[PDB]
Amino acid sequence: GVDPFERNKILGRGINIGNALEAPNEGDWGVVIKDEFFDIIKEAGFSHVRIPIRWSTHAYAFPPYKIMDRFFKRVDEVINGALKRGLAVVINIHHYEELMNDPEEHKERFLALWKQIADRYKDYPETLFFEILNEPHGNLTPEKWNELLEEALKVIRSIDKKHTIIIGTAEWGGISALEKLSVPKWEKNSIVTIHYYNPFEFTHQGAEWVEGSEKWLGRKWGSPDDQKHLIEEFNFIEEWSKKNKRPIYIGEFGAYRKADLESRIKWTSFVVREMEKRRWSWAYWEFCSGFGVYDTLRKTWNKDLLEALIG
């Protein structure tokens, strides 16, 4: 009889170790998760780490869709590395693109991946959280996601009743389809996650993977209007949280390094203040890459950005 709001409180402040295991091969996008990263993160004050994992590229495409031994092993090493420092850990299925493009064709493989993950970690500590699917979008519409997520809940709950499950929104995981999200009433131990990157043109200016983002380079953030618009979107998330009685986790939020530094600090610091006012848990995107707050080579945090997060 777990209290999902207490689990959310336990999750608390976190950071994403991105551009690592969610790439095709860990290291491909710049980050290889070193076990030493966990000492660095816990010592700076964080409560948890979120670990994006592209399981779909490390499991057979044919039944029984088995996850490859070596990769499962690597994920184990990362999860335990985090747990050894007393960090809570969030794992998910990240970048399963074929599922987004043809959900019915991939549904059973997707559900088979969760049966295997749950099976593997059902006895791990209460501080391990299962995030169903990162940023549903495309043909996996909001309407479809409500049914798919319930099917995922069922496979997981038939194996594990101890761990809190984290459920995102469709249309890329932001607030645009929050209004359409429904979590089944029978499920009692889940947190709803939203990725907050608004204004998108500010946070993703110049991101090489976003078509036409170059046009937003130079954009700043910090006006009272900028702040009021953010407050109104958080008030929208919050009233939805109260009407649906589900805890809130802002699983990603961050501004790309190409954005001018002062704006990045102001935006990050304001978002943190406003999420804390609402008692939400959250995870900064991300630890040491294109949106990084820690330089792993020089072994140094951007102190002001870290201040924004933990201060």
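Between two forms, the rigid core is defined as the largest C-alpha subset superposing within 1.5 Å. Residue numbers count along the first chain shown, from 1. Compared with the form deposited in another entry:
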Contents of the next structure:
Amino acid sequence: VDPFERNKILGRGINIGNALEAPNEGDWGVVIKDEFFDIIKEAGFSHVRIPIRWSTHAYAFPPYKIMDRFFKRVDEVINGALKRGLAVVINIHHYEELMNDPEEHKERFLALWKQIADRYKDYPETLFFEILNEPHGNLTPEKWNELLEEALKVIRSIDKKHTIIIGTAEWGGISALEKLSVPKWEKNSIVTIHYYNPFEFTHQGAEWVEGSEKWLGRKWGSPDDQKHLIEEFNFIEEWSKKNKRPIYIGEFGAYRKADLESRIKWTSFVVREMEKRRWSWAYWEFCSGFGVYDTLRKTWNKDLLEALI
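Please show me the structure of the same protein in the form deposited in another entry, now that we have looked at it in the form deposited in one PDB entry.
Here you get just the chain by itself.
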């Protein structure tokens, strides 16, 4: 299998967030309606990324069994998307104890991946396994290198069909990319990066971010801006060429509080730069805070959808 061809198949996408990665689906405002997949496919997207919180739906002690009711729900989400001809990225996302206590939670995490790989091993080749969303905290770059290799071994003992998606430590951005090590023996993986630069721009006024109001009225679009974003992307593309790993920008987006002109400029520029490099990508997100689809009015943000598609 050619991971670069799989990355093309992945193509352009959107996160369905604040859904299955909450403690329970709906806790953070979104329940994934089957209808979403028609809406997303009709808009021109190639895939959906489904953040999933397995840790709150599995037993705490060995054999760490994932609840059957939750597996059936995930089946339903995956198959709903596949049915529209969309590719699907599933992950483990918000395993909070793992980030803080990797030494204890490694075993449970790997047992989760054993069960997931086992259940979906015969699913279509358009399903992608993303090991872990944004490794951070006590799960350092070195420890992530250790964990991801063990995850690869566990998954590969079961499934040699599906492309695996591997993120970076220190919250999944560019900072820890140079530290990332993918075993040479693994030949069907895509590296994922989450891009929100400039952070002060994209997160201006972000309520969950300390001192973010200091950045309100921040704009984007200047010649300097473009140069920098291009430079940061050159870094990623360089690493990609040197290591021969395809790239997936699994998350990117600007918060609603940024002025709309700059939001459009930033979004359309990021998109065009990524597509220049044949990178797959997924917008954050479908229908919440960073949302571009209004589920009540049943309408897309036209300006932003145009920037994306």
